[PDB]
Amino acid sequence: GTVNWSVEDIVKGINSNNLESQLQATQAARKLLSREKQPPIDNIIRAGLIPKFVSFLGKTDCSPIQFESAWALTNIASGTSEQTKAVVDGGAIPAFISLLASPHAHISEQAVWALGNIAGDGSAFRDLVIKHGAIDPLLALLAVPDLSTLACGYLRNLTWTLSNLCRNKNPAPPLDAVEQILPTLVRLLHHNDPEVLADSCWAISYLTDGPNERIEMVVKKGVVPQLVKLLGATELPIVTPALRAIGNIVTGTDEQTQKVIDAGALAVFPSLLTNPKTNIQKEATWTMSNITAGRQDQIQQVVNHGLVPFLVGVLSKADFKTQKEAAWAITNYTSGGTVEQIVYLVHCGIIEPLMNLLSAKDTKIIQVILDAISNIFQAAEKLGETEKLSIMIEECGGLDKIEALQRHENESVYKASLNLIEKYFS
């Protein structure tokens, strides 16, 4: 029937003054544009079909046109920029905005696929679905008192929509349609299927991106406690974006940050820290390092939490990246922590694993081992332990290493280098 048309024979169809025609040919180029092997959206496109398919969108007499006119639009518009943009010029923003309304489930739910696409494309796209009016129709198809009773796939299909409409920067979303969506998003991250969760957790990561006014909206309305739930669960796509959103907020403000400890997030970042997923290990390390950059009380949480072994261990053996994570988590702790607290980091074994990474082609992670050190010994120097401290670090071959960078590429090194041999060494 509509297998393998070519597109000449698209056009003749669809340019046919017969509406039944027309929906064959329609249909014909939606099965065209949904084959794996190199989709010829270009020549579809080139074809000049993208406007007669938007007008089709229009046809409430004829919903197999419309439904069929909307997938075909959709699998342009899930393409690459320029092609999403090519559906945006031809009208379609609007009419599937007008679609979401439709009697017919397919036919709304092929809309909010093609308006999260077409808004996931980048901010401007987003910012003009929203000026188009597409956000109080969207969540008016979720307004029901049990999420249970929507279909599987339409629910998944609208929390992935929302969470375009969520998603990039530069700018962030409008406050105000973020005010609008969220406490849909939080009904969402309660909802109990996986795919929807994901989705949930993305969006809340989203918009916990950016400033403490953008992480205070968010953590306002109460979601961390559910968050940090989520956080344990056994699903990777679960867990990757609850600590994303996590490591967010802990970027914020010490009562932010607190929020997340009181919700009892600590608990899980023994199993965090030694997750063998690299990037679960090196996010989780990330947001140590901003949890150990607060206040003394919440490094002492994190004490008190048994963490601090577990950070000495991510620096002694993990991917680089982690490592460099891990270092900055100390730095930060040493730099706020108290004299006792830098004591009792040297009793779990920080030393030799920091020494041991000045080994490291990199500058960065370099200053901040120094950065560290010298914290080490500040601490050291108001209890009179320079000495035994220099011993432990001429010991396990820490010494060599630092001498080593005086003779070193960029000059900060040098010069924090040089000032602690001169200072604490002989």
The other form holds:
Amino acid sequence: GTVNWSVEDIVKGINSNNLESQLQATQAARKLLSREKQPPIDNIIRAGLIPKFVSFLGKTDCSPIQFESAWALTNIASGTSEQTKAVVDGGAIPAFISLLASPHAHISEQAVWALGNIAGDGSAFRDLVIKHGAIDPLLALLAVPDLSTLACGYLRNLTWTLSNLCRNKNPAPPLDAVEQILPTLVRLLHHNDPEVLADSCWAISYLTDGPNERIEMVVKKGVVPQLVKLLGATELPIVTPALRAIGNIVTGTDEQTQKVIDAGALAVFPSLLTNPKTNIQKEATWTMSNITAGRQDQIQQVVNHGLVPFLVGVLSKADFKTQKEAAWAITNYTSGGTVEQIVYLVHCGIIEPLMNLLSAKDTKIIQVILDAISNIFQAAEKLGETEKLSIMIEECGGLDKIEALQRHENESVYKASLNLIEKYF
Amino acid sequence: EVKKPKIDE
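Alright, leaving the form solved without its partner chain aside, put up the form solved in complex with its partner chain.
Full complex below, order starting with the chain above.
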């Protein structure tokens, strides 16, 4: 009966004075809006239906029309910002928050979903959802002794919505909303469902993408060990956000970085730095770059875990973007490391792959490599071994490349190159 | 994703 109605028919039913006729037309709208092929969102909006749907959310006596309207609005809210805005502008936010307490689980879940789409639009709607009081009722739905008793789909939707309330920057979510959410998030991060884990990690990744104070709020909750565990998961949808979270954390303080190391993270990098997914290798290498920017004792842990050969590996062969992160990781290591640590790097074979990357058409990577060479030469100067290095660089074709770079456009490039030639060749 | 439509139930 409610398959493939026209918008005109939906409108006629919705404007009837008959709740059952309105219910059938609302369901017909839900079915239109639930089709994967070009759902007619704008036509439904243009027909003026959103205010009617919103009013139906409040019909406690007709739970089916609450559900159908919720679903229809969910799918409108899933579209463009302008489509999401039409839902918000119809007063949907307070009406969905009221439904979070519905005795019908399918309706509460629909309201969770709709609020997730609203919040997911951006910081302003996220923050408006929060100001209307969404967080308390959302968290109340997860206030159970054991998360395993909840239906799987419902728990996944709640996790996803909460992740959207943690998402976006400029600004980041309200500090007090983050403090309120984090204890539930910590619990969900220990749940055994792969999709809940994935979304829980995304939420943590968002919360750690910011200044040191935001990182600290998360790290203080003791999640870093669980994140390192998830970093070793078999499911890529888990590894991706877990690694992003760990990566964000090591952009903080040397002390926040040490928690990642102490939790055992470095033992996972042999696999991450060889991972067949390009993006994992790239983000793992970026993570390493921010660990090598740390203290000498942290550099030493990188050395001890056998990770320098793996950096030589990525430098030698990887997607260009990963190779650029590896270049950074080396320049950092060389800027902060002791002489012995820098010697080790040369003994692992860093020179030839570094030199091969000097032929790249990226100015920034050339600057990075030139900086690293300078630091390595400096360490050799303290050992009286400048010539050994000069020879090495010459034999692998490096001197040729540095000469050319004296004739490079960029000022820093030609200067740093000239200095090296003048000082060591 | 950030937003998602409900397709079935």
